[PDB]
Amino acid sequence: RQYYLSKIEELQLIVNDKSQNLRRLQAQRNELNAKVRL
Amino acid sequence: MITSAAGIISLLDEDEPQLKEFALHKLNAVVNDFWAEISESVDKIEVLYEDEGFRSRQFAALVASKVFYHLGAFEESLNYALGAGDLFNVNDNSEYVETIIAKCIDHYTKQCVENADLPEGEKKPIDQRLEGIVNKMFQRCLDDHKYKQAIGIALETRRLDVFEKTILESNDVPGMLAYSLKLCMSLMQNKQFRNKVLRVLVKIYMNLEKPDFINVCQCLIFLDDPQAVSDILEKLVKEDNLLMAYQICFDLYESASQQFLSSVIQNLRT
Amino acid sequence: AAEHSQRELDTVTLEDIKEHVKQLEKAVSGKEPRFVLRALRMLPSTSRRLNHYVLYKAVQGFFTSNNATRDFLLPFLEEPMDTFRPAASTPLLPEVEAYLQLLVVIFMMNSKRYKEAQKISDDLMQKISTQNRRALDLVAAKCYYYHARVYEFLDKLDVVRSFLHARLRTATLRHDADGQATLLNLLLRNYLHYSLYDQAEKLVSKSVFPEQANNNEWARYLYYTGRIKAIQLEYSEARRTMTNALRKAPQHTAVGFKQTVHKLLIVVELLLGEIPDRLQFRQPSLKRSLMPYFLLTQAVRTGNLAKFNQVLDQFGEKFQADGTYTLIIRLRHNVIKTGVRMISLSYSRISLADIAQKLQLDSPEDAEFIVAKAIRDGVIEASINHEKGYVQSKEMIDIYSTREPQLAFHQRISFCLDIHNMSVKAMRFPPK
Amino acid sequence: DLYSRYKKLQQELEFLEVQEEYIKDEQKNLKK
Amino acid sequence: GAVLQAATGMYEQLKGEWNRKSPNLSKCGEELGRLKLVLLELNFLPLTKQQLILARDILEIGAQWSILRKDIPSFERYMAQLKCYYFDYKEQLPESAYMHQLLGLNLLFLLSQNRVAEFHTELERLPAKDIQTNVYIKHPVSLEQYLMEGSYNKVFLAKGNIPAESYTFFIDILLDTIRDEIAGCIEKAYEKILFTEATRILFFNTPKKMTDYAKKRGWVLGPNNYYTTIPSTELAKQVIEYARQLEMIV
Amino acid sequence: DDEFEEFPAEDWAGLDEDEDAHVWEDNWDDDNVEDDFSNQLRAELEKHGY
Numbered sequence: 021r022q023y024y025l026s027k028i029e030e031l032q033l034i035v036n037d038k039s040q041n042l043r044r045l046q047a048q049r050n051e052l053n054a055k056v057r058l
Numbered sequence: 001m002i003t004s005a006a007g008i009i010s011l012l013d014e015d016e017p018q019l020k021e022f023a024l025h026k027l028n029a030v031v032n033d034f035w036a037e038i039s040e041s042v043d044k045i046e047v048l049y050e051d052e053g054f055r056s057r058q059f060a061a062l063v064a065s066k067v068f069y070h071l072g073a074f075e076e077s078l079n080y081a082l083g084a085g086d087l088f089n090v091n092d093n094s095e096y097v098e099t100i101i102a103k104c105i106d107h108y109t110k111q112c113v114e115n116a117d118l119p120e121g122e123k124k125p126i127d128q129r130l131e132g133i134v135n136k137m138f139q140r141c142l143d144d145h146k147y148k149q150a151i152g153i154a155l156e157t158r159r160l161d162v163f164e165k166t167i168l169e170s171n172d173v174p175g176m177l178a179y180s181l182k183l184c185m186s187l188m189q190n191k192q193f194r195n196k197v198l199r200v201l202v203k204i205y206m207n208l209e210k211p212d213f214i215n216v217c218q219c220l221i222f223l224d225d226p227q228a229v230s231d232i233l234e235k236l237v238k239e240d241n242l243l244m245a246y247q248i249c250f251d252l253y254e255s256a257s258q259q260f261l262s263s264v265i266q267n268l269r270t
Numbered sequence: 059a060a061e062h063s064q065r066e067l068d069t070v071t072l073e074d075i076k077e078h079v080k081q082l083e084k085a086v087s088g089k090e091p092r093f094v095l096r097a098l099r100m101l102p103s104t105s106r107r108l109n110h111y112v113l114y115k116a117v118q119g120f121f122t123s124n125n126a127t128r129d130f131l132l133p134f135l136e137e138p139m140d141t147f148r149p154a155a156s157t158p159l160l161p162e163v164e165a166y167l168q169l170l171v172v173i174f175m176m177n178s179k180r181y182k183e184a185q186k187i188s189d190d191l192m193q194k195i196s197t198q199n200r201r202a203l204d205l206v207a208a209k210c211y212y213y214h215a216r217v218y219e220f221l222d223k224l225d226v227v228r229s230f231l232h233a234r235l236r237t238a239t240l241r242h243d244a245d246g247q248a249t250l251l252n253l254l255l256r257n258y259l260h261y262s263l264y265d266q267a268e269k270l271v272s273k274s275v276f277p278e279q280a281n282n283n284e285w286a287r288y289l290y291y292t293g294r295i296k297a298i299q300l301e302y303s304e305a306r307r308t309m310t311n312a313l314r315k316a317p318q319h320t321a322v323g324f325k326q327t328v329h330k331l332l333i334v335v336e337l338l339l340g341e342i343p344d345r346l347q348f349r350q351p352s353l354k355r356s357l358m359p360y361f362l363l364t365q366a367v368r369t370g371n372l373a374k375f376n377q378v379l380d381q382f383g384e385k386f387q388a389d390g391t392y393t394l395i396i397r398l399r400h401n402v403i404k405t406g407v408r409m410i411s412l413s414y415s416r417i418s419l420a421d422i423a424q425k426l427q428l429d430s431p432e433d434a435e436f437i438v439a440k441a442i443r444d445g446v447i448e449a450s451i452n453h454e455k456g457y458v459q460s461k462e463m464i465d466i467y468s469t470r471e472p473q474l475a476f477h478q479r480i481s482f483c484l485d486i487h488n489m490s491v492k493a494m495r496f497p498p499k
Numbered sequence: 039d040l041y042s043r044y045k046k047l048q049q050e051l052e053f054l055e056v057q058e059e060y061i062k063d064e065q066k067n068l069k070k
Numbered sequence: 085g086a087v088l089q090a091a092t093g094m095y096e097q098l099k100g101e102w103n104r105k106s107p108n109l110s111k112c113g114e115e116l117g118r119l120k121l122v123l124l125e126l127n128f129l130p136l137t138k139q140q141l142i143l144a145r146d147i148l149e150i151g152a153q154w155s156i157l158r159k160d161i162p163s164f165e166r167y168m169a170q171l172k173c174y175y176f177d178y179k180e181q182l183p184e185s186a187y188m189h190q191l192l193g194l195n196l197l198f199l200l201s202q203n204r205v206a207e208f209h210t211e212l213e214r215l216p217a218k219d220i221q222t223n224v225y226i227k228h229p230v231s232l233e234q235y236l237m238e239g240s241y242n243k244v245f246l247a248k249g250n251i252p253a254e255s256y257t258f259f260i261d262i263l264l265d266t267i268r269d270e271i272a273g274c275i276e277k278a279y280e281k282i283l284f285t286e287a288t289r290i291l292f293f294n295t296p297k298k299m300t301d302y303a304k305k306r307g308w309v310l311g312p313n314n315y316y328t329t330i331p332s333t334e335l336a337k338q339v340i341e342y343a344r345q346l347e348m349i350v
Numbered sequence: 016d017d018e019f020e021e022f023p024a025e026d027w028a029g030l031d032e033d034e035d036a037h038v039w040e041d042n043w044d045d046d047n048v049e050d051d052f053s054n055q056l057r058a059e060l061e062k063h064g065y
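Chains A, B, C, D, E and F, in that order, are what the protein sequence lines are.
Using full-length UniProt numbering, the first residue of the first sequence is number 21, and each one after it goes up by one.
Using full-length UniProt numbering, the first residue of the second sequence is number 1, and each one after it goes up by one.
Going letter by letter, the third sequence gives residues 59 to 141, 147 to 149, 154 to 499 in full-length UniProt numbering.
Using full-length UniProt numbering, the first residue of the fourth sequence is number 39, and each one after it goes up by one.
Going letter by letter, the fifth sequence gives residues 85 to 130, 136 to 316, 328 to 350 in full-length UniProt numbering.
Using full-length UniProt numbering, the first residue of the sixth sequence is number 16, and each one after it goes up by one.
Please keep in mind that the hints were generated in silico from the structure rather than gathered at the bench.
One should not assume that every hint holds.
Said to hold, decoys possible - Pairs of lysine to any residue, SDA-like flavour, derived with a Cα cap of 25 Å:
1. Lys492/C <-> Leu47/D
2. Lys103/B <-> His242/C
3. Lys337/E <-> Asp485/C
4. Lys45/D <-> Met176/B
5. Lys191/B <-> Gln49/D
6. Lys218/E <-> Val86/C
7. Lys45/D <-> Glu90/C
8. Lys38/A <-> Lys223/C
9. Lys38/A <-> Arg96/C
10. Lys45/D <-> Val86/C
11. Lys492/C <-> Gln65/D
12. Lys55/A <-> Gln49/D
13. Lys281/E <-> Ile451/C
14. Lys385/C <-> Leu56/F
15. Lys27/A <-> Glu254/B
Stated by the list, open to error - Examples of chain B residues lying across from chain A (beta carbon under 10 Å, computed):
16. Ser94
17. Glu98
18. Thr99
19. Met137
20. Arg140
Yeah, the Cβ is synthetic: ideal placement off N, Cα and C, and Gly gets one too.
Sequences and hints are given; from them, build the entire structure.
Rendered as C-alpha cells:
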C-alpha cells in the first residue's frame, strides 16, 4: 500500500527533475538550431 | 540510564550464549537511537548468526538486518532480514519493516521478470523466504480490500495465480476485470506475458456466471485464437443467444484481421 | 503615535505572511520543489516582529476550516479588544499550516515562553511525520531546527536524540537533502552538548553529508566535525575544516558562530605550531571576544610559561564557557613544539645545544628527543644527525618541474569544470 | 489508481530518457 | 525478588575473599560470572536506586579483578559496561569512592595501547574540575602530557608516582609503548643512528635486550652497527577526462 | 539568512573602550620588547675593541 506511494513519489521527483533537464536541453538545441538556420 | 553502547558490544564478546541473547535483546531495544557503534562491530553479529548452535541466531540476523538498513546495505539487509525468520513481524508498521518490505518486493519483481523472460530450465531458484514474505504481503493486501494494488503487484511479479485470486475474490468482479483489461492492453509491453494475462482474463470471463462474450472475443482477437472464437460462436448458436452471435461477429469484422476472419469463417463452415 | 506605527508594522508583516503563503501554494503548483525557501529565507525578518495581533490575525485569516490543531494555540493566543480571510473553505495545504504553526513556534520561542512552546512544537512535528511530500521536506528542516532550539533553552536536548535520529533516517530513505543536513547538524550539536564526542565521531564516519546542502548548514557541519577532529588529535584536518567553515559562514551576520569558530581555529592553529594571523584579532565584532585568546597567543609566540599560566588563571572561566580549556592545556604543553617549528623554519642546520639554549630546554638530549618527536609528525621536515649534532633540514627542491603543480592544477580543473557543469545544468528554462 | 499512476510515471520517465538521448544526439549533429 | 538478596550475600562473600591478601582467582572469576548472570535477570542496564548501586559495585569489583587477573581483553569489557553504568543520565547514584580511581585506571589503559584520541574523548567525558584536582586522574593525564611533549625520561621518573597500587599493570606496558614509539620516531627522524646511542636512549639497559628488540622490528643493525619517471598514463587519462568534460554536451 | 542563534551571539561586553581604535593594521612582530640600537652595538663590540 504505502510502498506504492513511496515508489510513486520517488518516480515523481525523478520525472520532475528530468523534465526540467529536458526543457533545458530543448532550449539549448533550439538556440543552436536557430543559429544554424540563420 | 545507559550512557553509550560499549557495554552491549562488550557483552557480545562473552562466551555464554545467554549473555549474547540478552545483549541482542538490548540491541534490538535501542538500535534506532545509536547504531554507529554496532556498525563496526557487525562482524560479531555475523559470527553469532553464522553459529548454527545459537538458539537465537534469528535475533542476530534481525539485529544485523536493522544495522545494515541503517548502513543502506539493502541487499545484505534483505539477506539478513530473510535470515531473521519469523521474528520479522510483517504486521508491524515500523519504518524498518516497511522499507525492508519495499526492498523485498523490488527484489522479487526483478528476479521474477528475469526468470519469466528466461526459459524453464534457466530459471534461477527464487529464495523461498522472499517468496513467502511476498505472499504474506499479497494476503495483507487482499485483507485490506485494496484489490487493485494487489492486482498491480501481481502483474509486476508475473504471478498469475495471485492475479486470478485477486480478480475472483474481489467484490466487483466485472469492474476489476475491466480495470485489468485496460491495464493489460494499455500498459504491458511484454507480448508473451500480456498474452498470458489475456488468457487468464478469458478463462475468468468464461467461468463467470454470465460470460462477457464481447470482451472474450476482443481478448481472443488480441491473442490470435480464431479456433476459440469459432467454438464460442458455435456454442452461442446452440444456446440460442443469437444477438450475442451477431454482435460478436460484427465486432470481429470491425476489429480482427482478414486472416482471423477467414479462419473463423472456415471453422464455422466445417 | 506608537499604536499607529505598531498597527502599520503589523499590517505589513501580515502582508508578507500572505505573500509567503501564496508562494508556498505556488511551490506545489508545477509539481516542483523550491519556491518554499523563498518564504523561509525571510523567516528571521518575519520572526523579528511577531506581534500578538499579527499572529492572531494570520491564525484567523488562513484557517477558515476550523480544526483542533489550531484550537491548541488559541488558548495561548491573545486577540485585540477593539482592533481577514484572503477565500472559500478550501482545505489548507499541509505546508501552509506547517508554516503558520512554525511562526507561532518562533513567537512563543522569542517571548521566553518555553513549556507551552514545547507542546506546540510537539504538535507541529507530530503531524509532519505522516506526510510523504517533498514540498514539506524543506519546511520540515526548519521545523526540526526550531524544535531542537525550543528543547535547548528548556534544557532537554538529551531527550530529543531518538526523535532526531528517527527523522534523520526517514530523510535518508526518502533521499531528502535539506532535512537530512539539518537533522545531522542538530544531532551533532546534541552529541557535543553532552560531550559525547566519540558518538559524534562514529555518527560522522557512517553518515555522508549531502553536497547540495545549504551554505549555513554546510558551515555548521564543518564547525562541528572540526571540533570533533580537533578534540580527537586530528589537528591538521580540523584546522582545514575550520577554515573551510569560516569561508562558507555568512559575512554580515552570524557574529557568535564566527566568534566560536575563530576561537577554535586559533587554538587548533596554535596546537599545530602555526601562529594565527593578527588580522582576526582586530575586527570590532571579533576583537573583545578574542581578547582572552589574544593574550594567550602572544605567550605561545614567546614561550613565556609564566604568562601562559597567568592568562589561564585569569581567563579559565571564559575558556571553559566556550569549551576550549582542554585544548588550551594541550597547547600549554605544545608551546615547545611551536618553538621548535619556528626554529626549524628559520635555521637550516643547527646544533642541538643551540636548540636547548634557545628553547630553555635545560638539556641537549631533551631537545634531541623533542625535535625527533616533532619531526616524526609533519611538524618539521629535517634529518637529525646524532653523530655530530645537526638538525639539517630537507633540501628544498624546485617545486616546478616536479609534477606537483600538475596535480594541484588538475584539482583546480576538476573544480572549475565541475562548476561549469553545475552552472549549465541549473539553467532551468521556464515553460511559458 | 495507485498502480496505474505508478506505471504511468514509469512510462513517462522512460519517454523522458528517450527524448534526452535524442536531444543529445541532435545537439552533437547540430554542432557539426 | 529474593534473587537480589542471594546475589547480595554471594558478592558479600566475594568481596570478603577479595579484600583478603590473595583472593582465589578462579573462585572470584566464577563468582563474578554467575553474579553477572543473575544480574541479567536483575535488570542489567535500562529502577531501584539500590539496584543500580549494587550493579555498579558488581562491575567495579569485576574490573578490579580483571586488572588483578592481569588480562587485558576482559578489562575492556568490564570498564565498558561500567561506563554504561557510570555517569550519564544516572544522576541518582551516590558519588562512589571508586569513581575516579577506575576513571584514571581507564585513562591510563587508553594511554597504554596508543589510544590517545580515546584518552582525550574520555577526558572530555569526565568533569574538568577533577582533571587537575583528583590525583587518580591527575597521574595518567600527566604521563600523557609528558609523552605529548616527548619528555620520556620524565615518564620513566614518574612511573613510581602512581596514586594506587592498582596502576602498575599497564604502567609496565606503557613503559614499553613509549620505548617502541621512541624507536619509531627515531627511525622516522635520524638518518643512520649508531647502536650504542640507541641502547642508551631506548632504555634497553641490557644490550642483548636491545639487539633482540632490533630483530623484533625490520629496523636492523646494518654492517657497521649503524642502524623520477614520467608516468604518462594516469595523467593522459586526466587529459582525456578534460576532453570529455569539454565535449558530450552538458 | 541564519543568525546562528544556536551559538550564543557572544556580546562584546558593553562595547567597552578598546586599545587604540586606530586604523593601524599591524603584525605579530610589533608587540615584542627592544632596547634602542646604539647601546646594542657598542655593548657587543667594546668586547672586541670598540
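Here's how the hints hold up against the structure:
no., hint, verdict
1, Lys492/C <-> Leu47/D, "holds (23 Å)"
2, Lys103/B <-> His242/C, "holds (15 Å)"
3, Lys337/E <-> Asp485/C, "holds (17 Å)"
4, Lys45/D <-> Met176/B, "holds (17 Å)"
5, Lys191/B <-> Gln49/D, "holds (16 Å)"
6, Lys218/E <-> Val86/C, "violated (55 Å)"
7, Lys45/D <-> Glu90/C, "holds (20 Å)"
8, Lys38/A <-> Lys223/C, "violated (43 Å)"
9, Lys38/A <-> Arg96/C, "holds (23 Å)"
10, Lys45/D <-> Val86/C, "holds (22 Å)"
11, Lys492/C <-> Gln65/D, "holds (15 Å)"
12, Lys55/A <-> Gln49/D, "violated (33 Å)"
13, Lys281/E <-> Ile451/C, "holds (9 Å)"
14, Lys385/C <-> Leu56/F, "violated (45 Å)"
15, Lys27/A <-> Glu254/B, "violated (40 Å)"
16, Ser94, "violated (12 Å)"
17, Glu98, "holds (7 Å)"
18, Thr99, "holds (8 Å)"
19, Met137, "holds (8 Å)"
20, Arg140, "holds (8 Å)"
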